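**Student:** The primary structure of each chain is shown beneath.
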Amino acid sequence: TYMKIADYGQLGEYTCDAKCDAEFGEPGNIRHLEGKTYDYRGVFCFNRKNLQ
Amino acid sequence: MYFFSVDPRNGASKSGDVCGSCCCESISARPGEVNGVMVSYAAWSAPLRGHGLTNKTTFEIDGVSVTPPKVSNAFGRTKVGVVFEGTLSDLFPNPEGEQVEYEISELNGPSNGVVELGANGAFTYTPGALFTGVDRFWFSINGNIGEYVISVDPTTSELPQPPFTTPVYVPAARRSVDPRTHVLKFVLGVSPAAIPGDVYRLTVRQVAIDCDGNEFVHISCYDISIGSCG
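In order, the protein sequence lines correspond to chains g1 and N3.
Note that the authors' numbering has the first sequence beginning at 208, numbered continuously upward.
Note that the authors' numbering has the second sequence beginning at 1, numbered continuously upward.
Just chain g1, same shape as in the assembly:
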């Protein structure tokens, strides 16, 4: 399991005088992720003599 910062988000910008609209802005995500692993698993067989 790892983590992925999706985005950061804005924080209310540059008001010279109070109009009180962009107070909190919006934050981003962190998006926990996962992932597995795989495997081959083969076989083979000779008898005894065609090998000897």
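Keep in mind that a hint or two might mislead.
What the hints assert, rightly or not - Listed next, the in silico DSBU-like pairs over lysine-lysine satisfying Cα-Cα at most 35 Å (straight line):
{"id": "1", "chain 1": "g1", "residue 1": "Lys226", "chain 2": "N3", "residue 2": "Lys14"}
{"id": "2", "chain 1": "g1", "residue 1": "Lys211", "chain 2": "g1", "residue 2": "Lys256"}
{"id": "3", "chain 1": "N3", "residue 1": "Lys185", "chain 2": "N3", "residue 2": "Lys14"}
{"id": "4", "chain 1": "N3", "residue 1": "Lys56", "chain 2": "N3", "residue 2": "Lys185"}
{"id": "5", "chain 1": "g1", "residue 1": "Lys226", "chain 2": "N3", "residue 2": "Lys185"}
{"id": "6", "chain 1": "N3", "residue 1": "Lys56", "chain 2": "g1", "residue 2": "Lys226"}
{"id": "7", "chain 1": "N3", "residue 1": "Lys56", "chain 2": "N3", "residue 2": "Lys14"}
These are calculated hints, taken from the structure and not from any lab test.
On the provided structure of chain g1, position chain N3 as indicated by the hints.
**Tutor:** Chain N3 alone, transformed into the frame defined by chain g1:
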């Protein structure tokens, strides 16, 4: 510079200096001037606490007295650099018989050329060298003023046909608004062809905007009176 304090729409109104005689407030103008007008919406939009005014003002002009003009207007066309010639006698169809005192006012003459008034309704417009555009000049056929518009074409194909500026006009984009103080400014232009005595009516539709983005519309009117001598 005219100034007007707009009524606040409070159910209590009619501020001090009020000359009961109409609804729309008065504006006096003189033919030729181009003056500047101010309107203070502070009384109406300040209580409406929000983002103040916006640059979405809308103007309209309609005349309550026209007295149609005597002399017609005209249009002229010529390429760049080439001298232009034209007649000024078929523009004053007069009902009665009287001479034709053609005159060109040195105040409303051309801006990028020169004009020599002939003996009988003929004039020579020699456009300025290395110049292409539209140029006018205001003749006066026996008192009745009209404009003669000329476009000098940059020798390639042609130029369009401009719309013959009205008696009273508010220029395209010369207005502004200061949302910090709720004050509107615009320009009020009076053509030199307006007849003294007429009255035109100017309607102004101003729109405020709330804290979130909705609208508060406001309508007011004004009565422009074309009077001679200021």
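**Student:** Hint by hint, work out which the structure violates, then give me just those numbers in ascending order.
**Tutor:** 2
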